[PDB]
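Participant: The residues making up each chain are set out below.
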Amino acid sequence: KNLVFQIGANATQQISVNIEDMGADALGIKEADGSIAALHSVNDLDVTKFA
Amino acid sequence: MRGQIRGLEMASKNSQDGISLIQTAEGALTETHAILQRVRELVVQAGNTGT
Numbered sequence: 082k083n084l085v086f087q088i089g090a091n092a093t094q095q096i097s098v099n100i101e102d103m104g105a106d107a108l109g110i111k112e113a114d115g116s117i118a119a120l121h122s123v124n125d126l127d128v129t130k131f132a
Numbered sequence: 007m008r009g010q011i012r013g014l015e016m017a018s019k020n021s022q023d024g025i026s027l028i029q030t031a032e033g034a035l036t037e038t039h040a041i042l043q044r045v046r047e048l049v050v051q052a053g054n055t056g057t
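Listed in order, the protein sequences are those of chains L and Y. When the first sequence is numbered by my numbering, its final residue is 132 and no position is left out of the sequence of numbers. When the second sequence is numbered by my numbering, its final residue is 57 and no position is left out of the sequence of numbers.
With the rest of the complex left out, here is chain Y:
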């Protein structure tokens, strides 16, 4: 039982660390995503300005 318990507290900490890893990935994908927004604008006025 005790071993299980201490590994469950460690399980909580584990999943929290995993969330944080993901949050790093999501800041990165957030900025990448905003870049793609800017790109999309540049493609649209590339559309008009191609004429």
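Pulled out of the complex, with its shape left as it was, chain L reads as follows:
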């Protein structure tokens, strides 16, 4: 669903744009990951774990 803004006055004179960001905006490959790399932005481990 790419942001294809109009840039000219004729066909194919557009530019695409993309955005992706949320809580789960941490490390990853295709998805973020499970226990790591998604919650490290959502649920930072420094709870009692870190000790």
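Don't read these hints as lab results, they were simulated from the structure.
To give an idea of the interface, some chain Y residues facing chain L are shown, with a C-beta separation under 7 Å as derived from the structure:
#	residue
1	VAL50
2	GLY53
3	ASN54
4	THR57
Pair ranges (Cβ atoms, derived):
#	chain 1	residue 1	chain 2	residue 2	range
5	Y	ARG44	L	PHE86	17 to 23 Å
6	Y	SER26	L	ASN99	55 to 61 Å
7	Y	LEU42	L	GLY115	55 to 61 Å
8	L	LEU84	Y	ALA40	29 to 35 Å
9	Y	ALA40	L	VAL85	26 to 32 Å
10	L	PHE86	Y	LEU42	22 to 28 Å
11	Y	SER18	L	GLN94	48 to 54 Å
12	L	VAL85	Y	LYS19	57 to 63 Å
13	L	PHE86	Y	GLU37	28 to 34 Å
14	Y	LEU42	L	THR93	20 to 26 Å
15	L	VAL85	Y	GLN22	49 to 55 Å
Note that the Cβ used here is the ideal one computed from N, Cα and C, for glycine as well.
Please build the complex by placing chain Y on the supplied structure of chain L, with the hints as guidance.
Facilitator: Structure of chain Y alone, referenced to chain L:
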């Protein structure tokens, strides 16, 4: 000869009337054409604003 002549004056008037008919058509097509200009604008910013 005389018949031809009077029909030639009438031929001049005929073609003038034809020009006028056309001028009516050309005012109409002029306004239609300006409409299509406005439409084209609306399609271009429909292009961007679709994103």
